[PDB]
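The chain below stands alone and is given in structure tokens; this is the form deposited without this ligand.
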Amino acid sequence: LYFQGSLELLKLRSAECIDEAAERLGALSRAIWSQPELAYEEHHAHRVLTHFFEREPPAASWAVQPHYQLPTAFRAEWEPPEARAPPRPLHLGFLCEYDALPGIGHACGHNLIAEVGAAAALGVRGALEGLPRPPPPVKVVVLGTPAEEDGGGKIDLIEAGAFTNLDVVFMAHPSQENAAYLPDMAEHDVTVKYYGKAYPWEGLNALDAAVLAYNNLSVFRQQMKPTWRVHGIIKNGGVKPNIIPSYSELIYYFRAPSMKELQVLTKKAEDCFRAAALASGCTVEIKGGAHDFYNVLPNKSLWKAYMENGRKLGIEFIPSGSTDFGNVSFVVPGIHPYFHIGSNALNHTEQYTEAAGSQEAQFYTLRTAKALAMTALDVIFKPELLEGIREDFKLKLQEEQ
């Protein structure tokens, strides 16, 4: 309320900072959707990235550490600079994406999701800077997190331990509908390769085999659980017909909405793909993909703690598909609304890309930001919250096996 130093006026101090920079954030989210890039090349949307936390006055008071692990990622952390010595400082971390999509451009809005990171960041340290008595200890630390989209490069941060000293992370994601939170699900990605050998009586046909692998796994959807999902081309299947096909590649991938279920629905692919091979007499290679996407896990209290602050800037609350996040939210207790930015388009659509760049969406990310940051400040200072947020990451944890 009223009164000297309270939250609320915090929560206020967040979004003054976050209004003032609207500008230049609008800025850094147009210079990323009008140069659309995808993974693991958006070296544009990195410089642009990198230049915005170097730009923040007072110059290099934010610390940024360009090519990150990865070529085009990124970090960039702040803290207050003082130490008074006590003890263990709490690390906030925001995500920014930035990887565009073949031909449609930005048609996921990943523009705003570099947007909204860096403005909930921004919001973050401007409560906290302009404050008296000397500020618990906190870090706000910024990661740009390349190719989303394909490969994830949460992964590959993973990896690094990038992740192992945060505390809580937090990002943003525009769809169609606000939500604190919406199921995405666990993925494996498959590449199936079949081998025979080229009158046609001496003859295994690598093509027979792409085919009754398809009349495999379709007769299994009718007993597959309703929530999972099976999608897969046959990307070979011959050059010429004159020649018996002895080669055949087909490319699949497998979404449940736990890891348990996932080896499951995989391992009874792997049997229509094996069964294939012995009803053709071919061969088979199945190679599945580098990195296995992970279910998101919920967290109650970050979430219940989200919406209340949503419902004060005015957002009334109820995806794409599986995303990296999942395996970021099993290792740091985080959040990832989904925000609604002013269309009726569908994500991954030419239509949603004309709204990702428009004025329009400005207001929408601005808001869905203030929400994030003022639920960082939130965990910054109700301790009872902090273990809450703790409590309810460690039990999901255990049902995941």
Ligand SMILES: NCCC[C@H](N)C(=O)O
The other form holds:
There are 4 protein chains.
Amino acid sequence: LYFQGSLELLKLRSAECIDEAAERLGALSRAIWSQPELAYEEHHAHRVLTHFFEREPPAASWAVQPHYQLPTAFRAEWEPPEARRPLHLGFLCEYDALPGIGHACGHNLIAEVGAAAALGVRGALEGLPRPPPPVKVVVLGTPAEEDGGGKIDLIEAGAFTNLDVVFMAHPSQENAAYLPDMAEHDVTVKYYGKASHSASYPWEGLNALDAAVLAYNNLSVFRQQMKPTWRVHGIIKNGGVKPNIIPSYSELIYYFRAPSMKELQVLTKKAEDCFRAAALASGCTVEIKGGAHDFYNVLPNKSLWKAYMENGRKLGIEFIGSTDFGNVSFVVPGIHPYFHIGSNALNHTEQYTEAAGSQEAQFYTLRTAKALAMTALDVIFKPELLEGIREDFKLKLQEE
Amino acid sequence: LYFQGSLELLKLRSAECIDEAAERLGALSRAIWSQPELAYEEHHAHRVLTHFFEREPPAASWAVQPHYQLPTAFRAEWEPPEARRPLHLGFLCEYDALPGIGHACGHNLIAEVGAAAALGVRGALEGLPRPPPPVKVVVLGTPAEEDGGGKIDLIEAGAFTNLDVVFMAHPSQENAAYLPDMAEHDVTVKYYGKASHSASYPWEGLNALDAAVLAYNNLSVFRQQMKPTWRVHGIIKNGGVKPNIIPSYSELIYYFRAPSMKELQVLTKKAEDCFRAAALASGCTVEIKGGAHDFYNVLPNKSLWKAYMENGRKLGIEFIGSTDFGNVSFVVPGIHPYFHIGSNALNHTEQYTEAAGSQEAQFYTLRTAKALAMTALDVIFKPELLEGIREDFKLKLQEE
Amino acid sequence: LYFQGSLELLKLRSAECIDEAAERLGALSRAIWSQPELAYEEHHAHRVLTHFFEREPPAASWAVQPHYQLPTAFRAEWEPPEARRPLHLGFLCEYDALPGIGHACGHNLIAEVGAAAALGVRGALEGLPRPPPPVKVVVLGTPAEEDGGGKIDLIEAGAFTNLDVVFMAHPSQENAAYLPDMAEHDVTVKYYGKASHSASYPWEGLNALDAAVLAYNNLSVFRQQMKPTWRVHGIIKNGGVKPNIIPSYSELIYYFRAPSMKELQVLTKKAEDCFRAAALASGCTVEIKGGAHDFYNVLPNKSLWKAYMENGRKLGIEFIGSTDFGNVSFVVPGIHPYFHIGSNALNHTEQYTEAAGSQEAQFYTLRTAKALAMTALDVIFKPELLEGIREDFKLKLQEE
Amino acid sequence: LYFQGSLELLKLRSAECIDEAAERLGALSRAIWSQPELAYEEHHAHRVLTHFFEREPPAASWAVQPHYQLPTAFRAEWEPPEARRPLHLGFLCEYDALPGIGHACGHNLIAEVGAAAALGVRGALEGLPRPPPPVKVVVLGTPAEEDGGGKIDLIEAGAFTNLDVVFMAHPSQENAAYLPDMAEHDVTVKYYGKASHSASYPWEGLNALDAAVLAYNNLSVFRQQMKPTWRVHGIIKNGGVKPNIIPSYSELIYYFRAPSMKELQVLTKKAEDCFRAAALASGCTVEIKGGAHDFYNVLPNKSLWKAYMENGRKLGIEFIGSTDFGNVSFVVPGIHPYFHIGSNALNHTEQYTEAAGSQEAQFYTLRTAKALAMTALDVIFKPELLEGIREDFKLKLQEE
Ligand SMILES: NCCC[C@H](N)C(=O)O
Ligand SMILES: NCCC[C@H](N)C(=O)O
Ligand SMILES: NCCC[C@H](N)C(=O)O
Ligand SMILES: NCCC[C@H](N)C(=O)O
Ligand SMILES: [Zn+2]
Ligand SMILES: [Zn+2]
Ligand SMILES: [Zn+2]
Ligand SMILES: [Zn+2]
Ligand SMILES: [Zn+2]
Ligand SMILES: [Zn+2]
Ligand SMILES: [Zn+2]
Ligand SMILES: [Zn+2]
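After the form deposited without this ligand, can we look at the form solved in complex with this ligand?
Now the full complex is given, and it begins with the chain already shown.
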């Protein structure tokens, strides 16, 4: 309330700190939005974001590690200069675009919203007269969300093993503190047959294009027995070269989605039967190559969920795919809220690139960053909440 | 020529003996044609044919064994009453019809043409003043040509192991001393899945109807890589019962045809891959049940071929599927000529049943029986021809 | 409360009236359960249910019309003998079983629960000292729910045009005052080709079995672009007779489900394109015959929903396909709650027939009948609720 | 015989003239074989062949038109310098290779064999003491046989309207004066659908890849009802780009072959039904684009056939796809014999390129050129043969 040093006043300070930084946070968004870069190629965005934290006053108050494991990844850390285990709070920035249509998923706003929340938390804790509790604010630039999974590469380097809670936000069509993101497995299927002159001796050949079509048929009829939450999508990248030669090679690219890892394994095995059946029927051999990284479904955290919604409702927010944050949510208690930005456009469309760079989206982006920062303050000053967060994280890991 | 006892006069006598028997041979044809019976159910035809040979004068001059191994099969034998290894000459009678459309393959004429040729040979040898060479005229009633393969059942009982040459003729659209009949393998494919209520939990079921459709697709694309002489035809006998229940059972009936046994084995294995692939893709188990008897392609005999054509050309005959005679032709040197009967209709059509029972067909039937009988006389009185027949039979068995 | 003639005491009386009738209501359930009858063949169940209402004391106090439009349908009506528009309250009894597995949907309990609720309402209103408000209690026996749609035949005869509210309940695995039942369209697809002897001239034929398989393929790949709430299930009833004859006839039986009538029309047209495409590709002609009756989705009524849940919570009930009640819910404000009966078995399984006839199911059946009867009392004595029910019924009809 | 100026001596002179030119004709073959060029890109081969006829002594005795209508086509003409309608005898040179594997159809030998036959005819007629009959020897370089059909472009320019007979020869595995070459129709099929994000709203898209697969299925099952002489081969050139986007475009390339133009039209319409059915089933639109030129089957000429075989048998030759020569054979009486070149390799394989350039192939190439030249001499000095050739050409055009 009106008590000197209360949590409410701390939350107000973080909101005011975000407002004071609205101009340079908007410029940060525009710099990434105006120069769209693809997965692992976000060299400009990496330069803009490291420069941002390096320039925050006082200079070098943020400890910035550019090229953190990946060339376009970075890490920035701040903690109160006091010295009396410190709580580690992570905030993630995404910044890879989509081919042809630019930042059609609003990832420029994700970078902004993660940087704004971190600025808000530090600014709130700097205003604390008495020494603030030991806490480290960690910002992780995670490239290549749309392809590859940079968070997973960072997990593989141990970048998340010391975080207690992780925050980030994603723009979409509605405001929700959690949405069901599915597990994903990607696969490329290559069939190898035996070429033959179809005009002369076509019976001496093994038709790899037949294999591709029969695989497509195997999966298609399988859709009737798929769980309604399952998803299967694929294309025929290579279906032959010339009609006068029986195709001896074909290539399919597929991905499978299911709400749990156990269900994804079942769906993947069923699909493998479909691909291998097409080889048996056509006489070809088959190479089934899975993606470098399976993407996990996002583990919800009930305690973190309720705390964020309470903060958002105070801010005026009215509440109601797959991502590599799912892998993070399995190793660190996190929340991945989606927020509306003033547009009816759908993510991954040209019109969303327009909304993502719009002036209108700035208000909604900074508002959700305020909710994130205020929720981080909750975890810091409510040890009971941190316990419930960890208890919910433990029980959810058992259910898998 | 005009020499007392020459082969030409013997051939004339067989033709005159067939003419004298034209009335009762026609009645024999009509008795089978007017009472069509299916495979293994030819009880009337068996009664008519055994009575025919029993009644040939002098009574019991033909040694008749009714119910010879099969209930509707029979064997009739005659030899000159002299006594001085005897040459064994076989003539086959078929008499099973087709369901619904009667004797649409003219099998009533096959019975007639085999009985007429045997009568002609005996009548010719009875006119020989000097004792005739030792020869046994064997008539074999072979039921169930259109389904089952009664010749194969008779082969299994050793009925053909003592024959030196075998004769029969088949009515069709053109006159040919030999036509390419293919090897055949029949199969019934049953898929077993797991039933489930498609309205509630269809993902808990394994769709046996999917298996049937995927098998159909596997074979269909395979047709492009089939040898142009190969044939594949099949139906879906059972494709489900009710739409509200995921089908847990499906049944397909197929047959495969190829010009050689080696090619039939390759085609059958390729098809087995197609059927088993559908099980793998759908998760069902599969039971592939082959027919009781594989049907062999008909082995040609060049020496017997040329001799029959020379006889037919003298008679006015102008020369240009699968059958269990193919299995016979593998174990006994035989010929299976096709002959025109005065109609443009195709075998296995309703209009062929009309031609088969027509008065017009009698002339052509008795004419081809004359050619058969005259060719049997060639083998009897030309040991050089019997040698060439056996030499051609040996060399053809090596080529398989 | 404890006020002479309050609504609470009226609701208690209906519950006590149902308890007093527990024995004969159980016998009613067992009589239908032990003698399972299929759609439109429920002659025994019709006899049991008409006798039940005819025998309720005083004799002929229920006005019973046997053979009401359908031979196995009936109508029973009671109203207070006072005379001062009367409110018309309908209760539906179902009683058709499923082939082979008996009453695997618990329809014997539906008949019981509808009769019990009607008895409870009458018994409550008979205890009213002052003349009770004008109300007619209508019981409608609706045969053939699992096939045909007897409610629709009754709608076609105008049987529902004078009802203000309609009640019924359905046993399942969980307690819910409303569940999403989908709209359904049934279709039989017949393809007509041209027969030909596949061994001779298969190119002279038009393969109706190809048409069936190609239709199956057309729909199968279409599943990827179906809305996740859509359902398509079908079988190949006729896929050919003999493999030696190119099939000139094939038959498929399908049904389509969608949450709204507008979506069902879109899905049905898409499927019609798939069926007609198979005719074009194969050269066959196609006859697409829709079912006699399309089944509507069930229209929810919010006011009736909340009132029933409040009654059920007081009774201890803890709350969390397609039916011809959907067509009723479009013309009369109704509720179709599902209730647990003490078993984990799924509807339309053999083990559900066991639960449906179990002694355990009686307690849950009579408890839900109490909730229905108490909700009918709400509508009678709360004109504001009847207004909200009609307002919710109007607004829902606009949304379609 | 041994008569001064007989036809036999003229035929000997043509054979000796070909032998004397064996060295430079071999160099002609090697120049084309060592520098393989594709359809319409045979600039080197055009330069070599025009230089060849320009250099034949006396210089400019051959009237040579380079770049005759097509850039790589040419025309060369010689006639006896006497002057007294002249018979026009055409000889065709092909010289386009195949991509990657060079002259795997032996087209370098076709150019050689056409030039050698023309040289042989001129040399024979130059030795005639008395003025020779009026005859024009026309050589036509016809590029782009393997793709496009340069003969058809030349037909369209009227290049064949004044020829009375046309000769050429093609190397293969066996010697035959005529082989059944089929009519061909080529087609590219493009499907246009509606893109949609399969992860979000895949039901808002129309799957053009489905269309491609359904077309493949439509044609595949159609193979069972195809005439055994029909051929259908095609590939999926474009089957989608990324799996996350429902494909809105697909592309198939097919070709169809049948022995007659009437049968090709029937097969093409049946295939068009298959392609259009896939559009209807998937909701896409379809563009069916046929090739620039349909290739005709080769019309046989019996009189020319027998004359060439009689010449070849005297030379030691023992006798036993689709091409644009079929279109020529429809407008000019021609023969297109195939000849063995000393190898077991199949045309359009890497090992045939080895045989085509081999020293061994030269003997067989010059031998068949001798047969061609000797047959041209037959037509010149046998007006009865020219009549029978034209009579056979007329009667064959009626039968189509
Ligand atoms: N990388 C984000 C999740 C995976 C998704 N299918 C994609 O590759 O975009
Ligand atoms: N039995 C005669 C040969 C086999 C043939 N497919 C049939 O069953 O008629
Ligand atoms: N009749 C109840 C709804 C329709 C359902 N598919 C059935 O026929 O059972
Ligand atoms: N041009 C020769 C005939 C046509 C053949 N399919 C090809 O394109 O090679
Ligand atoms: Zn995205
Ligand atoms: Zn994103
Ligand atoms: Zn037959
Ligand atoms: Zn037959
Ligand atoms: Zn039911
Ligand atoms: Zn039910
Ligand atoms: Zn070629
Ligand atoms: Zn060629």
